[PDB]
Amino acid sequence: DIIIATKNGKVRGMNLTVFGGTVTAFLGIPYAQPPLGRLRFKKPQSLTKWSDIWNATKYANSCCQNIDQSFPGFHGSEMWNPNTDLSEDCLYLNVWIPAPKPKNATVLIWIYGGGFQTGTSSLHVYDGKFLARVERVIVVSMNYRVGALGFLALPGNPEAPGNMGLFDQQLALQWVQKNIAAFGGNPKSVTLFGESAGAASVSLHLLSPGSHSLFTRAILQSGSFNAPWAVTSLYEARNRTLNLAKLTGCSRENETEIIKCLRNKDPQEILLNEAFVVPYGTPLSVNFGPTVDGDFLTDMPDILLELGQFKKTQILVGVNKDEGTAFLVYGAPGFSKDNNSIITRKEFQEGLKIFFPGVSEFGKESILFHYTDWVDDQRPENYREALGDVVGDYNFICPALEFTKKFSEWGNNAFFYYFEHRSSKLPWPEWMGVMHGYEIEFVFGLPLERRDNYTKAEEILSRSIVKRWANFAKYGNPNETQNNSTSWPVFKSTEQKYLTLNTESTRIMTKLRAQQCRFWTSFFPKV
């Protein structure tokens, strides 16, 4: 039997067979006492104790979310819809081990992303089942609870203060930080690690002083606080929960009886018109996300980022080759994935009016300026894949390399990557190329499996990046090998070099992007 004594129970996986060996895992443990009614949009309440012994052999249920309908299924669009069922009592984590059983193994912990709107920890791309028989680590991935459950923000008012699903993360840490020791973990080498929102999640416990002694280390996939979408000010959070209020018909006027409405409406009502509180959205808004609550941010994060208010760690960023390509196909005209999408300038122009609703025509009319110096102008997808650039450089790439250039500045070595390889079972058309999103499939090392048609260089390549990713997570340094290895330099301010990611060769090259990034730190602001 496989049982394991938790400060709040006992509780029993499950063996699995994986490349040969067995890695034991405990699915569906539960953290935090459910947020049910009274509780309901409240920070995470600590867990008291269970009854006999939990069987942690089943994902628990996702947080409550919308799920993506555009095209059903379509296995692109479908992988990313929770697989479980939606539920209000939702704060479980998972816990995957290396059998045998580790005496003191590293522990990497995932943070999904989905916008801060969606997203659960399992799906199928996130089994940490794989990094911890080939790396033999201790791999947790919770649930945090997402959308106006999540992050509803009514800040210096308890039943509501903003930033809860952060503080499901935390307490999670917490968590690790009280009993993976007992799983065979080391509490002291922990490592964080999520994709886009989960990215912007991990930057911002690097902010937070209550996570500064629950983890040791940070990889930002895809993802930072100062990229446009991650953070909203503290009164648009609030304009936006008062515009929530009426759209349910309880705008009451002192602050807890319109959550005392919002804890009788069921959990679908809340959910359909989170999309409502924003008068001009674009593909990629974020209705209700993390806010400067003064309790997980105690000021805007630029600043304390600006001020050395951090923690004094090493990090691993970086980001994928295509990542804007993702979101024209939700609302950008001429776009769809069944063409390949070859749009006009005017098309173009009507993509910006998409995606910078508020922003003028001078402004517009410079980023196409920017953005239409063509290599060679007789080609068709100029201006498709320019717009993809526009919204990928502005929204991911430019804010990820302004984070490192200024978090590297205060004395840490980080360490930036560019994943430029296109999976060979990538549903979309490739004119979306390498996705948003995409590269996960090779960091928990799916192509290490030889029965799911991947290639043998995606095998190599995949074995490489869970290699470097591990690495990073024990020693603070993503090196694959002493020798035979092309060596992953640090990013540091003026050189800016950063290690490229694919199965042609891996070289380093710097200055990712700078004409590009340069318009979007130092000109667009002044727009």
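Residue numbers count along the first chain shown, from 1. What we label the rigid core is the largest C-alpha set whose atoms superpose within 1.5 Å from one form to the other. What changes on going to the form deposited in another entry:
Among the candidates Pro279, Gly249, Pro380, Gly308, displacement between these two forms reaches 2 angstroms at the C-alpha for one position only, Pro279 (superposition on the rigid core).
Switching forms now, from the form deposited in one PDB entry to the form deposited in another entry, please provide the structure.
Shown below: the chain alone.
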């Protein structure tokens, strides 16, 4: 038996067998008053004590959210769908502790992605038990509100001030600060790591004064706040709050009345109209996302980055080789997970109109000009590959590199990775390559299960990544020192060295996508 006394009450965990060892799991501890009723759309409120023993022996409810039903019964999509009951009562977190109980263990706090509209901490690929057993770190992860329930913005008005889900994350970080020592954790050695919107969230915690003292270091997997999809403008946040009001018959005068009207709509009705507040959408469409609210975010984040207004600490940042491909089968004409998706020049151009909705004719022509002058003009995959390269560079690689340049220019050590291994078990077709999201299982050490049909090379890659992430969290330096590994140099603004992650050949390279990112970060934002 294992029972820990926390500031708000006692909680009991459960023992798990992992790799001939033991991990102690506390699944579904609450960290806020459930955001129900008059608390919907507001910032999370503190938790009042409890006298009993909270039973933290199963994952809690996922937050209300729309589900991806584009491929029913397909594991490639459905492995990301919520695996616990949806509910507005979803502000819970999980804690994996090594066994026996550590003394001063470094803490890894996971923030899931999902475009700020979906996601849950209970996904199988976020299972922290492997990291706790292998590296003896504590792993925490939390559920935070998503979609309009998490990011509906009327800027200023405290009934719907925006960024509520970010404040959910922040309140969970406070909980670790006040309670993780009871579990054998070091509140002074806390590393946040996160993928996609989770990584963007981590990047925003770096910017947010209220988060400065809640963590030590930061890891950003395939995401950062300067990604095109990551921050809703206050203009469109307003148009979107108003549009959602009209679709639900909640249009009012007194802006607060709109909120009270939405506070009596059913979660499902809010959810089903969320989709329509933008004209057309893709998973890169982030209808309700982070906003400049004057509270969590005191100014436009691009300005805070430019001017060094952020927490000074080490960062680990990276991207996958084919970030873009996954999104093409959610709208790009002529793509499918079930053919090899040879598209034509005209399908390519149609694809641009979907991924760059309000961009001028000339904007789209400059994209095609830069990406469609080939070596062999006859290679049938030309346009298929270029559209994936366009989406990934624009949405992921160039923002990640831009964030890492600007962040490192203020003196801090930064390490950049380029994840190049396609999972042997990957259920999506070969043409999508090293997909967005499919480094996560290697980070969480799933391939360390020999029982699980991962190749032996994948076990080694995971073992190394896990050691580098842990050493980064413990020591600020993502090196694997024993097994004679390539040393991971710091990313500096002149040489821009980065580390490739693969089963074959761990190489040091420089100036990832130099040509393409000059297009995207220098020229394109003017159009």
